[PDB]
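Next up is one chain by itself, shown in structure tokens, the form deposited with the partner chain bound.
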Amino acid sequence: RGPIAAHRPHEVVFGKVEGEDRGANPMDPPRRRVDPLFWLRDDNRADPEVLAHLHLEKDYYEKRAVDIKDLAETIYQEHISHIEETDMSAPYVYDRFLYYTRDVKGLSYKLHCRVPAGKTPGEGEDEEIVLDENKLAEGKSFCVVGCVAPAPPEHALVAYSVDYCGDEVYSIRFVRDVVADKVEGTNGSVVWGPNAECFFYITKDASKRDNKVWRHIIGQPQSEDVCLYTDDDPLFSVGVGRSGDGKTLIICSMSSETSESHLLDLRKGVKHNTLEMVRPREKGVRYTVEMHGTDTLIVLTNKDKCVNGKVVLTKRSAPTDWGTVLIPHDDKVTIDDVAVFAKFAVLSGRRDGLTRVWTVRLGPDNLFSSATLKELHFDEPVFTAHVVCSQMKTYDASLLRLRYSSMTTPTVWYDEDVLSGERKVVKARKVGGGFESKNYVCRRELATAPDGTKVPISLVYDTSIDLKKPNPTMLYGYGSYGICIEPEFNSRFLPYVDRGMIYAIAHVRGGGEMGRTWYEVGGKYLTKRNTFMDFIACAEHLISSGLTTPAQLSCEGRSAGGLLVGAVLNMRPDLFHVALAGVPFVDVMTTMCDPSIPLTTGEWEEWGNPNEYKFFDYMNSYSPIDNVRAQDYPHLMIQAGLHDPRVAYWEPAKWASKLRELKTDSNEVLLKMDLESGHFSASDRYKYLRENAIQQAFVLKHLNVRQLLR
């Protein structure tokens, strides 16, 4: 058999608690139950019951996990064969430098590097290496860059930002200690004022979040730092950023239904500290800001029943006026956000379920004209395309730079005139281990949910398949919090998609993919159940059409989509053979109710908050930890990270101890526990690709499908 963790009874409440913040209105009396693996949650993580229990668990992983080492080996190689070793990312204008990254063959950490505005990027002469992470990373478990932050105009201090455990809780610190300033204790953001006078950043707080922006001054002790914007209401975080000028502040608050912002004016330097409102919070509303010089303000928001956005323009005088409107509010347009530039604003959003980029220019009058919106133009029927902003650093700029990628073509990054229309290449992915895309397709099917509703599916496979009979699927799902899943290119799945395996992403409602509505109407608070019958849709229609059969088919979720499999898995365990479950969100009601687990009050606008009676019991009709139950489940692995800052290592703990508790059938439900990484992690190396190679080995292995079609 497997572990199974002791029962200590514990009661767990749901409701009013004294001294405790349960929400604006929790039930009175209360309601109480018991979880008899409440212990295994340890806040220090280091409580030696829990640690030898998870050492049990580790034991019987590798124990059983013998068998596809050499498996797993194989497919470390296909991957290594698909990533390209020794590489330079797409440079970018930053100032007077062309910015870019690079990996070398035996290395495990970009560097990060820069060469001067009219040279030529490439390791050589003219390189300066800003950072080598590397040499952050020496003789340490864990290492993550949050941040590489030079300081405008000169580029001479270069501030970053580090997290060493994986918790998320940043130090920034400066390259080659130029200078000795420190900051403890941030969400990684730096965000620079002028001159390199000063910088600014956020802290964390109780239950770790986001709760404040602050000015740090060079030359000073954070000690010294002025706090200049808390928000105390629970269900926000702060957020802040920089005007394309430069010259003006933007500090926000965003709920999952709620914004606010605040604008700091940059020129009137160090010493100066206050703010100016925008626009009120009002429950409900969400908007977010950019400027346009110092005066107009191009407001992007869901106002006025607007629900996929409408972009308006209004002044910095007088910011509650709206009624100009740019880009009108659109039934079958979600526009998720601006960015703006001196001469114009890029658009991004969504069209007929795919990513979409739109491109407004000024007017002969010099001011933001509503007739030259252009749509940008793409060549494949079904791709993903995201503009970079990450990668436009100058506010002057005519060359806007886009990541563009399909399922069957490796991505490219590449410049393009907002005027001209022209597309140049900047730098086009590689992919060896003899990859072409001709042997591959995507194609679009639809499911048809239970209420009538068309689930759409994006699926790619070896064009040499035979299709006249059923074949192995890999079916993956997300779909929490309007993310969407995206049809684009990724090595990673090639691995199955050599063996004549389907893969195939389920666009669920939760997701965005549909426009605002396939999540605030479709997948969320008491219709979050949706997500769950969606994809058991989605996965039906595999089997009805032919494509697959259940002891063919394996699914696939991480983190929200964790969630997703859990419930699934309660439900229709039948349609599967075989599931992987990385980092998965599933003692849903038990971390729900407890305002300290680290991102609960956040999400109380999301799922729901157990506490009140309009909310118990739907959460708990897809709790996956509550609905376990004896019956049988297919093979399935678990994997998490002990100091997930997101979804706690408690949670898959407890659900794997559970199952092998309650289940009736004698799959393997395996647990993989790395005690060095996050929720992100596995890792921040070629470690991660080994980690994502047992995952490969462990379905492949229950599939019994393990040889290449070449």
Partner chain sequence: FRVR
Contents of the next structure:
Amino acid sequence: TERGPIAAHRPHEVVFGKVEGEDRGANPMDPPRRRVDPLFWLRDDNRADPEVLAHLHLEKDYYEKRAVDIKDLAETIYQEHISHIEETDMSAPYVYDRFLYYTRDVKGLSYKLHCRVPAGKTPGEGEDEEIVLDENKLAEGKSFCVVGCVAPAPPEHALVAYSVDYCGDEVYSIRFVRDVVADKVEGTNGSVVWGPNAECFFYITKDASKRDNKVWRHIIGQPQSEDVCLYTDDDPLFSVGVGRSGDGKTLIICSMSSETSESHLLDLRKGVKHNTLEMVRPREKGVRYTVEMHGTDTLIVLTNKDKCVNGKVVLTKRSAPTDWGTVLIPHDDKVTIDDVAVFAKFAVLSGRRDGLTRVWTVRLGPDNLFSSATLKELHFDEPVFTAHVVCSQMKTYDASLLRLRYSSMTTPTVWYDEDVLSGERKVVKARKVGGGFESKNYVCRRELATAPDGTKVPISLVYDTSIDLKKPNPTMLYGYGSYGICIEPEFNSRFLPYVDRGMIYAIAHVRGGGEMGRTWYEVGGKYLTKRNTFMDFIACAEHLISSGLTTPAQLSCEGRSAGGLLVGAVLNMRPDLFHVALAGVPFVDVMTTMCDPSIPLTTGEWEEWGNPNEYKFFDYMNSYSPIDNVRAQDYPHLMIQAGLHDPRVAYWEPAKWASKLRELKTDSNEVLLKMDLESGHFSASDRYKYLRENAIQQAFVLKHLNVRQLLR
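Next up, can you give the form deposited without the partner chain of this protein, since the form deposited with the partner chain bound came first?
All you get below is the one chain by itself.
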């Protein structure tokens, strides 16, 4: 009896293929195809059409009427999110020459404070603390302000450089902490790399389309007009970067594209007038590499070369740097190596293996050469987690300690120092989580689903340890995965309102994401294999059901943005698997949007999903496009969040989708559309806002699953 809004049909036709005067791609169908979209009119580029507005106000009214009984729970949940944030905080301090550096956040203030304490003292507010740079002071009276970099000049740290942008154009000027020197450097990308003894520093300028194209040396006490430019790459596929070797003796200059690199070395021992670069390996298309210096004579190179898609690490001499015959760490199908950092006594590798983030360590042999047999992987007790080396906090080249960051669905982020040789760990900073959180109450684990083609898909799940595992329990299954993003099983206080009410909270690491490495995205779920994203997700839900963890009556799912594509297709395919669902700013008008280059992101996104103006993609994309596959079947309760002026998805997509669902669905569940009408074109996010949206959706799920009350 009590149906939500259904929009009147207005015949309109959408054309796919070649259209005079429009850039529809390099190979559009000729002649083109036409299909009817009777709800096309809900789109207004202007966001102001009165008939469109009257319709969305019907949606506002139906939403309000229907959220009456979840308002108080939403507010409880919001209170929970609030209590999880520490407005007063200090970061993990780290040695940097004769100081301990750290950041602080203060209760009433928007920006951080960059602080320092002498070598032997206790980090924190007090007589000992020296406030190096207070961003609130820079920010004062300004509408936009972002610091790119705070950069103390090594040995002494008497000059500290910093970069600031007050414009929002991502161009930064470089200034000095309380004008110790007068020098000012304009037109930079925000980064600052010191040369030795505070004599000079290095910076990068841009040209067309704000592309980083030149590396410069600025000598302190000189006008910028005299800066020497060391390097230029004006190939528009390439961007430049500059870094400093760990021992501080060598500058590393590089050009990078999405698939090709090139590095050059500059000797910093030769003074401010020596500008001649040393070529590492010339540019070769499809060959990626990164260079790190072990001392001054040897390079450790992480590369793609010779089909090592997952990376190999190579050891070469400065005097013959194109000879990459010596493999320190061979390629391995199982292991992904994303980077290396080198120190005097060991190198540290980062990447993934078996779906998780990993860190590896390699030491010196008894002979001062790096040694393969030394390779170890840092091990953890829990089955799913996140772990990273934090080399922004490793400022001392001859260290024995690693600085590490661990986080898990059980464990708020912990920073610790670990001994490279023994493996002894010492806590530096463990995150505080308020509102009664304690780690011992929770357990996380790994499950493996099996897709139709036989491929194993990992799931990370967490729950409160007091639930009855001898029966099935209310569950939330989250999925993204496009663009090769990994949805990490890291700590996230935002699932606590679920988990604290008896729910199992689960992530499906489906193809399209990047969790299993290189090919999990690029062959696994992209272009004409994209359907794997949805089939994998379903396989995860079925595994959770066949193993006894849940049942369809007690299962929920959610995705946001490109993850909204996932929920949309999955609800057409297997809505029987889910009692209630969420879809934030969901990408659901796939065909009608992807055909049309007038819509802002369309053109770029051809390189993700494909171009339905082309024969190659028309039917395939049409097979999963959510709006296009809505039909007369039972769907679960659903809540859609979107925004009139939100740039994550054009407002009309979720509006068309909700109208269509209500028009054809055969069930009597509710589809709610929470549509922000008030935020404007330039409105900034704001974070308390995101928590308010999170809270009402979570209240929705919790109502429908019948788990309103806290467990403890």
